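Modelling step: build the complete structure from the supplied sequences, incorporating the hints.
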Amino acid sequence: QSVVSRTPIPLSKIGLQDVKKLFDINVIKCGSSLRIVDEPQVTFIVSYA
Amino acid sequence: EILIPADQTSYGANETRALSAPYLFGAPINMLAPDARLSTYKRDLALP
Amino acid sequence: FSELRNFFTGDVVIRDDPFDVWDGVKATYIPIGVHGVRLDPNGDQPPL
Amino acid sequence: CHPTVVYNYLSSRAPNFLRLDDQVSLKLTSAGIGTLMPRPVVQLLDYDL
Amino acid sequence: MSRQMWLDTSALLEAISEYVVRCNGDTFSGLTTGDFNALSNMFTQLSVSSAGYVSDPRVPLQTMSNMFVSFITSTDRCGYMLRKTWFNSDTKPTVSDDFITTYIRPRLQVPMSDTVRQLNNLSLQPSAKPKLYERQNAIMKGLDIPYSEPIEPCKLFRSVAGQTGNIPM
Amino acid sequence: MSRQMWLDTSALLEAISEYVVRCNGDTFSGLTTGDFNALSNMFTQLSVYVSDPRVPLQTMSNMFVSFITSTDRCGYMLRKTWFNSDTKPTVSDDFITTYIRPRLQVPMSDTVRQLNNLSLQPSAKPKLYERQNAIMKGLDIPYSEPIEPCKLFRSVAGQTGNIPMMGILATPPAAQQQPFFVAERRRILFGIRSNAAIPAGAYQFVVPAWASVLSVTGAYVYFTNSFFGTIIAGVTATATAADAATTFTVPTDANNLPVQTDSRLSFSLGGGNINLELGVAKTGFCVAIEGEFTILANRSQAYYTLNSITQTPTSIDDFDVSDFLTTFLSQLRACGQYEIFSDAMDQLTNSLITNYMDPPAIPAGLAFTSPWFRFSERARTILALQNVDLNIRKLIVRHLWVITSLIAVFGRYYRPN
Amino acid sequence: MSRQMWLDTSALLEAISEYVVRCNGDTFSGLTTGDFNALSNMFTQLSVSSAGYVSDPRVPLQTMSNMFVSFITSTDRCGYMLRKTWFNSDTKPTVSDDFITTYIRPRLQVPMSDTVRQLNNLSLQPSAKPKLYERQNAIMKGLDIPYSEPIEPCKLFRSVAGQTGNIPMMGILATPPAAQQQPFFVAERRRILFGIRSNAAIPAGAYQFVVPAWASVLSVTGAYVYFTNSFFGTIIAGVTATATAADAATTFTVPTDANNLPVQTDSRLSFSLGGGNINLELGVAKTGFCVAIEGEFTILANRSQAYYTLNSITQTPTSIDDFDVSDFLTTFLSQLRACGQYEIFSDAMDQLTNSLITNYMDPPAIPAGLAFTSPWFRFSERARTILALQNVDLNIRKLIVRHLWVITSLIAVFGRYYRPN
Amino acid sequence: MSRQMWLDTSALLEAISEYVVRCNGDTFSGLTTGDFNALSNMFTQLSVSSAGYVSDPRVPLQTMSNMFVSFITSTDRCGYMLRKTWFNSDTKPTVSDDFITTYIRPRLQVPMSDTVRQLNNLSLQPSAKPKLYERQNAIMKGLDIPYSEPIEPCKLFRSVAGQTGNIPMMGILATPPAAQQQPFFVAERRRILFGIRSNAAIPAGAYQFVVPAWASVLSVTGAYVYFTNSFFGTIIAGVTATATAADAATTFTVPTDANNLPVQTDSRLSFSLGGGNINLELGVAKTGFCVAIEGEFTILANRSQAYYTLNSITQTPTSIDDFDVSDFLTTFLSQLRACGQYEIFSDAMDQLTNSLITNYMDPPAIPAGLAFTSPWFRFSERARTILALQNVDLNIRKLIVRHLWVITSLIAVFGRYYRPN
Amino acid sequence: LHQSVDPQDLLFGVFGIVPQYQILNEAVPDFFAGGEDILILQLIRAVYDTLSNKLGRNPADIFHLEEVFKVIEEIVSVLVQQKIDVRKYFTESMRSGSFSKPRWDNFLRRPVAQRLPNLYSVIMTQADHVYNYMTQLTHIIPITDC
Amino acid sequence: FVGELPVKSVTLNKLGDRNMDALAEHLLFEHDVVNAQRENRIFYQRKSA
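Protein chains in written order, with the deposited numbering: chain A, 50 to 98; chain B, 487 to 534; chain C, 972 to 1019; chain D, 244 to 292; chain E, 1 to 169; chain F, 1 to 48, 53 to 421; chain G, 1 to 421; chain H, 1 to 421; chain I, 632 to 777; chain J, 147 to 195.
Heads up, some of the hints might be wrong.
Derived, one-sided and incomplete: chain H residues facing chain I with beta-carbon distance under 7 Å [claimed, not checked]:
(1) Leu31
(2) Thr32
(3) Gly34
If you're looking for bench data, these hints aren't it; they were derived computationally from the structure. Cβ coordinates follow ideal geometry from the N, Cα and C atoms, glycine included.
Put into structure tokens, the structure is as follows:
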């Protein structure tokens, strides 16, 4: 009776997709309302979620 | 002789040796003689 | 694009086959060995 | 930890004149690679409380 | 086996001797002496591989010696004891030989037995003519002999540059 | 078993000690300190007693001297191969099986170690473990770890010794002599002594190999006339507020380094040689560099490998091993074995040298002038055999050292009585 | 960000070091020691990326250092902290830089930290060789240092009216004297020296020595005071060290102690060179004399400001140490040499240093006559140079030294794990 | 109460301090380091009014110091501690005093504490600057000190027949001699010197040197031994430090080592000055020589009783150090000045001291000819003064010093947080 | 617990008891029963710390006990999987059911002595790491100080 | 594949939001995409432990 074998925190499995994402990604094509441009700056804005 | 002073007791009185000597082995209520028959086995099991 | 990827790059290591986990075990002990006859150490006791 | 460990623990605890039951010993000692089970621990409280 | 195992057993045989002496002419009917019980208990422990209780020692004691003589007589058997290793280490060897397995095995209680040995060197009146055990330990493991144990200096004598001998002088 | 196994275990014992010190007088009743929890779990790792931690340790020390005493048992450790490789040894000695096993968690251990060399304030007085690794596996030592220059000394071309050079620096010179380069505990001295003035101008001093791994910080460089607290003759410390500046240059630093100035300097003599520029003719001068000395990164190999040794005989230190022996040595005398051990110890070092030279026979002219624990001496004696090839000698010293340190660690609790 | 955030975070790195040293060779398989646990949690605190015992603590620390170098290197980025403001205010800056937001931020627990800190000053055995943290607080916020912390007198030295230096006086003390000269007050690593030297006897009697500003905050415990004839291990001339068992006992008094302090005795003394002058009473005439106070030196309680705040500096130019920075740089330097950036860095550090000075003087331009004799890591020297500019007035110079010191210390702490190879 | 109880509490306070140093700037917001956990524990075990977590540990600590000063100040209260019975035995005293009741209580885990202590003396790298606790147990119970603990031999020094002093000999050693004088044995901080001074050559050959009682307990490791001519940085005269590469070798021996120990060699030596006399063999005749033993010094096992029990004392008067109390008192003193109590406290101490010496003498009265030359905190001296009353049995003199030391040490430990207001 | 005894009963004990000269250890101990309460108290105490330590000060400086207790309760509860009621353990006596700060106080005056039994220590040590991590994620969330 | 070299790549199209491949089609010129998409296979892979 001196010995006890119990599991403190049973751990559960999970898939990569289920990971809680902390960042958001937005895409914008930066142009201008001044001169006329054909090489808009495809830009990526990363912000916290 | 005072074994345990009045101060440190729930009840009032000084715990003198004369208040322990008569009873049992005559050991001071302070340090009593323990039944250590099961002691070996205990020590080997990490028990108190 | 390179920088956007390198930011979102982080590795993880996982075991191909999951661990096989069990429940605890009741640690039951049983007797072993043979016992012989041990005679009292002091011998006959004094009377009365 | 691996069952092997559990055996070594429990079996060394066996007090004089005793051995860890066989079946238990065997199941524990026969465990293969990758198998796991909870570590046995001796639970002692703070009596003084 | 172990050089220790032999010493241990020897110690026991010596204890048996000691108690046989203690019991001599102190064996009265109707009275079980503490000494006689100890003597009896030791006998038991001797033939521990074949009994759990003993009636009369006359036999097992004899048997043990006979077998022992039959042992250190044949090099083939007791050979393992004549090697340089047996005197150096406490490695439990494996010898298939009735005598070794039946009589030579651990006897002393550890560590309590050692504790007492130490407490003894400090005793007031150690044995004047000690057992062989003590000597065996000294000569083999090089342990200490009691501080108050008397000795005859002439035994201690050895040869030195100046005078070659003691008695010759 | 493995050379590594011994180290790991030694390391553990040094841990025991460390935490025993940490716990001294910090063992209060209403509290279980972190240190004590660790120290406890450590005694647990020794023997495969939890009450009096003195008994399992005593047992261990006892079995250890017992083992390290018989050539038949510890012989496996005295072969050229043991110090050389990490090959699992085939040995059935219950001291080995009971106490020597792998103890350090890998790879975490090494990682912390390197991470340490880069720490700001490393241990000023390090454990034997660090040294053991340095002398055996040739691993790095922390970049900020201090070192007394004089230990680093080794015999070189011109100067035969360091301390001996003292008595000579104290004798008024015949005529202008050759430049010297000595080292104390806390500083380095170099200069040129003469009985007559030395012109002003450029003077090059070349740093001896043993000192080319030295580096200082928080250093004052000035002129003195004292070595180890002994007067240096043929040198003048005289100067005048009017005197022209005296600067020196080191290969590693493009700017001048002022002398007899109150500024604290940092520079490393490891580019080749100092280039002193005397300002006013001086009748024999001695420059001093007093500061904090360390060994340049990735160069401690030289010192600990006995590779800064070029000449022979060479004078060498003992990597402080002597300082660790104190305890064990004390216990040896306490139980009257100081003699016995010293003899068994002689056969150990004797049998060791044997296995290093083929064919297997003690060299001709091997005479030990000191006992097993005055290492620094035996070290040179070993390094003196003109018989044996040089490198072999060096190994013998290094190998013997490691075993000596092991003794210094494992025997401390010895008590046969 | 705010100066505080930098210090806090530095303190963390310093603590990470501390626990790394504590763990070295104390990492056994079946044990998770409290030390390792803490160390582990601190790693986490630094770079959230490495959570768990698993992670190789090397790479996240490396990445950290790396960015720090490219940060403290590009004046455009780290410019903000080179301004006058950053050093004397706790105003959170308007900096939008990557490194800053990822690593620099409040790290200490308030107010408990601060309480523990003060409690420390009163501790029995403070750290013998303290962290950069402590000096940082001292030099920047002018905080207090422990009462029992030991110090090496000579480091405390600064130039005064009489002596223009401490070491330089050695060459003079060597040259035999023409006639009785004015007193000298010098300091070694472990002891203080004062006396008068002459070619002819000095009559028995009372002589008074004015403790120079720099040493007026010293205090010794377990000290022996005797007559010597050597300074830093050099022979001093014009001083007799002779004495007879017959001689009349010499004695001195400090304004702090009502009782007389004996000289040439096997008695361990305790007194402080504070609040006045020393009254030496030569019991026998000596042909020149030199008294030596040798013991454990410590800066008087609460007076340490003087040293660390650069107040003890009166003249121009003066002698000045580096608050031991030199000692901490080693590692980082060694790391620069290792990857060949030792030169590129030294160049960037020069502009860092230059722009720093620029922002302290109105109008915005390097003062003329500013020529550096040594490189960025020989502080003690560059400090002397900064403190020698006749153009800018004392205070601005002093601040510059202080402010520059902090940036240098920060480097010593943050760059050590640098490896971009 | 019990002397033990005071020591236990001292030890706790001493450790509270230790952990405060350990936590300084290692107290971050996310983690609670093992160190702080332990600190918190003690903080709580010492606090009266506080429930759990001690929000501001300054408070309870301060309150404690204040009462202590109040206690150790009134002879009426702390009287019981100044009786010979308190220093000689573990008798629970029947004294009710708020202080003692509240703070002085058994705090060490028995028997574990002791076993750890024993286990320690045997360990590799003990603390180089040990706690007062250790010293207390030495001076009071006459317990052992760790075998590997180093010490500066000059403290170990006491007076013997030939020399009545160590530092004093310096003056003499610097005076050219008339004829060949008797041998000298002096000691510095990091080394030991012995030799023979003369105005004319001393023949080659053997010479015995009697190792003085005080040094007969020393031991060295990693020691260099050479010919020198300076003592504490003061030139010694009547000794030549010259020699040639051609010179015959000079060696000495100790009754403990069968082999000769070389002199003037780069080899690091290990030997012990315990066992008898050292036998020097001057290889070449020299005009006065001085041998230097410079290395790490330690006190031979089971011999520390001499130093700490004042048993290495044979003459009167005698030189005597202070077991380092002076070094610990710093903080407390610093506090006493900051609130004017410096004066009052002193006067209360002379009282404490007087009253103590009193009880140690039958009949109960101050001895004649007793006048102190220094304040309560310059112990080193007061110990000499007390160890100089030839009208009082020697052994009683010793006990008085020992006892007074413990009371001083306690003050050094308990007073520190004193902020009387 | 109390009861009264008559020493006089020992009279017939002396004249009447018949020894059996042998000890009948036929039974077997339930050696470990009875900890239920201790465990809870032990946890209650340990949780008080884990809360206080993080708060940087004695919770009672800024919280009403009722608040601190509700937290300690929920936490202890999860650790034991049983509804816990801290209050009941601290009363002046078995008699009254009324809570008593002074007893709660004395309970806190005795700092955590031993390490918590392994099962719970793991739980807590783990939480403590997460709390440390989670905490560092504070500089992510959208909250400014003004 | 990546040339004629077989490899085991992380199936990006199953990570929706974090499907770096799709995220790249936002790029301006025909190839900057393919180029980027290829870099993706090269970096997001199942590597040996």
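Open item on the list: Name the hints, by number, that the structure is in violation of.
Closed with: Hint 3 is the one this structure does not satisfy, whereas the remaining hints hold.
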